[PDB]
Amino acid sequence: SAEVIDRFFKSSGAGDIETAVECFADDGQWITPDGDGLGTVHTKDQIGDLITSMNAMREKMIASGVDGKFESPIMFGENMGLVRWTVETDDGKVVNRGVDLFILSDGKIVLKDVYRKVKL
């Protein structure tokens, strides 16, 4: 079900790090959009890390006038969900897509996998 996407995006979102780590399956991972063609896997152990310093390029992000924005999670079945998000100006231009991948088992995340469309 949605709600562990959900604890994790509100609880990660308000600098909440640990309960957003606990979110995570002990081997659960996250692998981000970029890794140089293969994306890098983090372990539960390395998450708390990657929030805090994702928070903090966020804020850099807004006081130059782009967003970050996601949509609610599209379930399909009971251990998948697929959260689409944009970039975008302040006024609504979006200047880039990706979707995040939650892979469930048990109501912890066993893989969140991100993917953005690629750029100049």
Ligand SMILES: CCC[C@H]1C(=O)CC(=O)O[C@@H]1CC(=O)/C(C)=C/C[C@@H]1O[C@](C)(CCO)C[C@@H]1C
Contents of the next structure:
Number of protein chains: 2
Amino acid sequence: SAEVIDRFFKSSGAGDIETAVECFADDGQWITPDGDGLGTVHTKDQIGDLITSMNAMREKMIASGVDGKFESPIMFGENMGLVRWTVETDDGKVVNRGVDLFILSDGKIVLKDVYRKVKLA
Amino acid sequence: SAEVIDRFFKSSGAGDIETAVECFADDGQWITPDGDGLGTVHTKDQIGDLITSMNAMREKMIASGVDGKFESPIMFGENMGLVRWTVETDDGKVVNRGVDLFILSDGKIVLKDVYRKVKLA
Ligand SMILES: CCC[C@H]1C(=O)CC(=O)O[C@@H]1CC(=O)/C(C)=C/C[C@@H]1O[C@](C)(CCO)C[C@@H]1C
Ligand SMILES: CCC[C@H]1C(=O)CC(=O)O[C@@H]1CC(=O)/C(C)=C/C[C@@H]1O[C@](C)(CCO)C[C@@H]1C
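Okay, that was the form solved without this ligand. Show me the form solved in complex with this ligand next.
Every component of the complex follows; first up is the chain already shown.
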């Protein structure tokens, strides 16, 4: 149903850390888009701290005039959802875009694998 | 059948540019992982030049001691394939990883959307 993706975004975005963490399978992973070129793997016991830190910085970004915008998930496998996102200014200038790949099993997130397009130089 | 993904990799990898280009729908797009943080969109009439340039640099990389390694596609929609890849050294040290998202329609590639994990600093 992909309802767990909506649950994850609603809770994480509102700072309801505990609900957001519980959207993940006990063996699930959230892999960040950076991590020295390899991505940083966070297991379920590390995801609460990641959400807290990311929300703190989203707050700073918003105050700086930039925020993220997420599209509704495009479902492929019934078990796979692609959430496209942008970072953009108030007047809609897109400065970064990327994707969240969600792999689901049994109503829980087994993988959230995040990628961004790269700014070089 | 995702056979067009295999056709694309075989032809592109062998420098059979024309076959590789014809794997794409006439409205298909290949979006690179970089492009100033937004990805660079290449339409079908631009894909041949991209393959030629990428193969030239793959050759230089190989001579420098690094090459790409691609996994078989994980199919989700029957119309969607995720090809994971790494850049690694001869002795298997992984220095970069990323994904190719293939969207297929009617036996042709409508989107090849490429992402890499980001090395920061
Ligand atoms: C300033 C660095 C840019 C972003 C990062 O690279 C991670 C980080 O630390 O700061 C930023 C984070 C950022 O741009 C947004 C807009 C995050 C959105 C929020 O993220 C949650 C936790 C869900 C996952 O996206 C809830 C909400 C959607
Ligand atoms: C040195 C920069 C690193 C790579 C880029 O960021 C694009 C570029 O110019 O050089 C490199 C390219 C690279 O690392 C490999 C290994 C490409 C593989 C080949 O690419 C083809 C065209 C299919 C698409 O992958 C066929 C073959 C699989």
